[PDB]
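Showing subunit A:
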Amino acid sequence: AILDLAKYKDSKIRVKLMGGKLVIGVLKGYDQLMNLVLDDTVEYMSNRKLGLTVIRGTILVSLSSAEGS
Partner candidate 1 sequence: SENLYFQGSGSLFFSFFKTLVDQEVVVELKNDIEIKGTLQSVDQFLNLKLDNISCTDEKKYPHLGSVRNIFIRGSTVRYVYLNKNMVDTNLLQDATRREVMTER
Partner candidate 2 sequence: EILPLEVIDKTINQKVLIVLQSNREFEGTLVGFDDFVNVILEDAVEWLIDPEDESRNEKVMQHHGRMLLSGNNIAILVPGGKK
Partner candidate 3 sequence: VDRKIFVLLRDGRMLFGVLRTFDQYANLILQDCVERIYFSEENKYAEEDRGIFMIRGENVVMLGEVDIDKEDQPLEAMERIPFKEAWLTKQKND
Partner candidate 4 sequence: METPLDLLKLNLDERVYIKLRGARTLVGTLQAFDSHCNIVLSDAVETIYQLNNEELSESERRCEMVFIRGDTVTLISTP
């Protein structure tokens, strides 16, 4: 694909989602389709930490590094 995700392993993950949601956490794993496994995850309120999650790639709208985690 286009972005090699190996580089962010156990690095802060900041993740925007289709419905307005934003999620941050450390990368643990992935699939070819950018389904993601995140640990230590905090989700953001748009008009809160639960830690462990699995995010659907289909719903991903943007991803970047965060100083936050």
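Throughout what follows, a residue touches a chain if its C-beta (ideal position, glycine included) is under 8 Å from a C-beta of that chain, and two chains touch if they have at least 3 such contacts; residues count from 1.
Selection criteria: all candidates are chains of the complex that A comes from, given by their letters.
Peer 1: So subunit A is shown by itself and the numbered options are 1, 2, 3 or 4; which of them touches it within this complex?
Peer 2: 2
Peer 1: Under the stated contact criterion, what part of subunit A meets candidate 2 in this complex?
Peer 2: The contact residues of subunit A facing candidate 2 are 17-21, 23, 28-31, 35-37, 43, 45-47, 50, 52-56, 59.
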